[PDB]
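Take a look at this one chain, the form solved without the partner chain, written out in structure tokens.
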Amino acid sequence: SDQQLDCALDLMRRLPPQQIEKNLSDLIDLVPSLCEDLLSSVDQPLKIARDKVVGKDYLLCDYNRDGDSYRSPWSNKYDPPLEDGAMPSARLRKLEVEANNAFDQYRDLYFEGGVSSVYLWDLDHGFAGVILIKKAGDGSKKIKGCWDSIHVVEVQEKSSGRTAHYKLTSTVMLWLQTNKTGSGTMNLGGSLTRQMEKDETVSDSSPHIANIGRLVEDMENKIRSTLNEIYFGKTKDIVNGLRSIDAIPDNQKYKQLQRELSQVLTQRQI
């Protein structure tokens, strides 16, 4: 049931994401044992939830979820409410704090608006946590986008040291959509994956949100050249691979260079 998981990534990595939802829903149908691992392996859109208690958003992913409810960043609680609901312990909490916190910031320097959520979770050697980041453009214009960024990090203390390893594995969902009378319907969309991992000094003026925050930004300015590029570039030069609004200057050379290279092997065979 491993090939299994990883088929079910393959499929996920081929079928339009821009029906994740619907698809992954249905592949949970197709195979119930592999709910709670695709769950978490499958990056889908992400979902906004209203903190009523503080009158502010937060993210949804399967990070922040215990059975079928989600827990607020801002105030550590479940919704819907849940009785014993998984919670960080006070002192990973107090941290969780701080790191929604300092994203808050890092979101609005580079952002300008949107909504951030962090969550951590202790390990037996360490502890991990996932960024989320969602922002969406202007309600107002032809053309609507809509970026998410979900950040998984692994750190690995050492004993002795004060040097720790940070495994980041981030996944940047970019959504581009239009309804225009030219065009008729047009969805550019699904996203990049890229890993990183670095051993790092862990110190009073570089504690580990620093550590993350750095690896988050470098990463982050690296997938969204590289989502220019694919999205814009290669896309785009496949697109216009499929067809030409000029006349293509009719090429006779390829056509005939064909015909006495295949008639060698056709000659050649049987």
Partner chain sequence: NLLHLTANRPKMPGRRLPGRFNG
Second form
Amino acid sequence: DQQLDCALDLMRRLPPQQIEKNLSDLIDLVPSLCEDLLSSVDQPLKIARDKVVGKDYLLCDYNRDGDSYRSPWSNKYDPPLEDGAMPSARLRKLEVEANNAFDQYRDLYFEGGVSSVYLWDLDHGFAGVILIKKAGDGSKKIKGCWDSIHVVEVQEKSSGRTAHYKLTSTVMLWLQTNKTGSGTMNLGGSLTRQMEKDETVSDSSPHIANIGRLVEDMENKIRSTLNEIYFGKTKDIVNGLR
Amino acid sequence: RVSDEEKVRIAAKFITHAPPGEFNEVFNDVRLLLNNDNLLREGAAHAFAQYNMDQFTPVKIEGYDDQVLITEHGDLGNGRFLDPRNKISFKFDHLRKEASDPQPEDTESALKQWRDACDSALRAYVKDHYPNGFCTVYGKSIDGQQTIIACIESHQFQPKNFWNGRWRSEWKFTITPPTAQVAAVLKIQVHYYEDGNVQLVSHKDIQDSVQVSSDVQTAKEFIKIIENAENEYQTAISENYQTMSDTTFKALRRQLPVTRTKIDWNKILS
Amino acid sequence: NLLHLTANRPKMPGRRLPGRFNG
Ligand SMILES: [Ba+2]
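Output the structure of the form deposited with the partner chain bound; the preceding block shows the form solved without the partner chain.
Now the full complex is given, and it begins with the chain already shown.
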């Protein structure tokens, strides 16, 4: 009843240093909420190897079916599945194009890391997730990791000339060090923002461009918020304790 | 496929891991998820106590100025805790976080003056260095060795602005004249949760060894050691923040592509 | 009384649960 609301509230409060275990524990505490929890609780992205094309791709709930994950490159599940959820031919074509586009976006902004895009059909349009994972190189003995999870819902109209876009983006940022001065310091977690917009759909402004612009705007905004919260607000809180 | 026993083990775990200042919210969440007040009462009462002691919960005792910390060192059994400064025990309700029934108590007449001297020096240090800090100093014989245990707590709860923080530090001086072995641990936790969940968790272990003489002079020396180490830790944390920001964060993602403009999405697509 | 944005993202129904959870 209030159970899902309380489960999500818990995830906002339990240390994100234990984010994966927190979710596993919550699903054990309320087993009947499993689907809703897998759907609503973001997790760090995992990198897998597509052994068919030799490219890396990202795992999350959105490309999972059972215990298998679908690669955006080979369009196959691993481990193999008889009947895994597959995009339509039209959506798969858009998915390939999005994957190529967000791979260039990734190179341009991240200069490394791994990206993946997964689309699926809705009754009156479609949805997608744009995933980016970047690990820091470990310079100055600081471990760093960035995860972007951008989920977009596109509602298409009979006219095909306008669509409504709603983007819900989470970014997770993880930093860890252990030094003689500070001891162990682990600064980690995530922020989520949403926005919504009608856009013209045309040959000059196709779906991928419309989504790309919103994703870019959102992630630029979240990067600056992250900077403020992590390195401004939490530090000020620390200094306010002493 | 999950038993009640497993569910309440998980409930107790989450309760112990609530962030500073958010025990009530986490407790309310878990209570509604378990949906079995009996199971929760039986299988999770240890967790309320463990939370308060782990968090060095300060508590006001009606009749006495300032507060006392709930810690493992103050735990007298039977729901009671020691206040070593005011020389009393009291009942503590771990759920309401309320003290009652203060009664005079004896502890260690041997370590009496040393505990008082260290307490006096520590209280001044804590009032000078922390906005709303509290401290508690215990004096006990551990494995035959006279030990001073100093605990320091300071928190700032601002849930209307979606953040909370807490510093805890615990310093143990094992007296082995003409020296004392110092072991300590310093901990910080900060939680920001406006449209997200970001936390700092930090801790530092301290090992040191210093000269001991009279009670008042040793107390001064102990406080200087605490001061030097806590200042150095707080300084090093702020340096780490600078490095994380100007090095690691900047290397994870650019502000903009090398063109110094946002992407031309039509040129990406062709 | 926190706002949970991730609770109202589009879904894909018909997803089988991980095996250890049955469905
Ligand atoms: Ba449901």
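Residue numbers count along the first chain shown, from 1. If you superpose the two forms and keep the largest set of C-alpha atoms that fall within 1.5 Å, you have the rigid core.
- For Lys142, the Cα coordinates differ by under 2 angstroms between these two forms after the core has been superposed.
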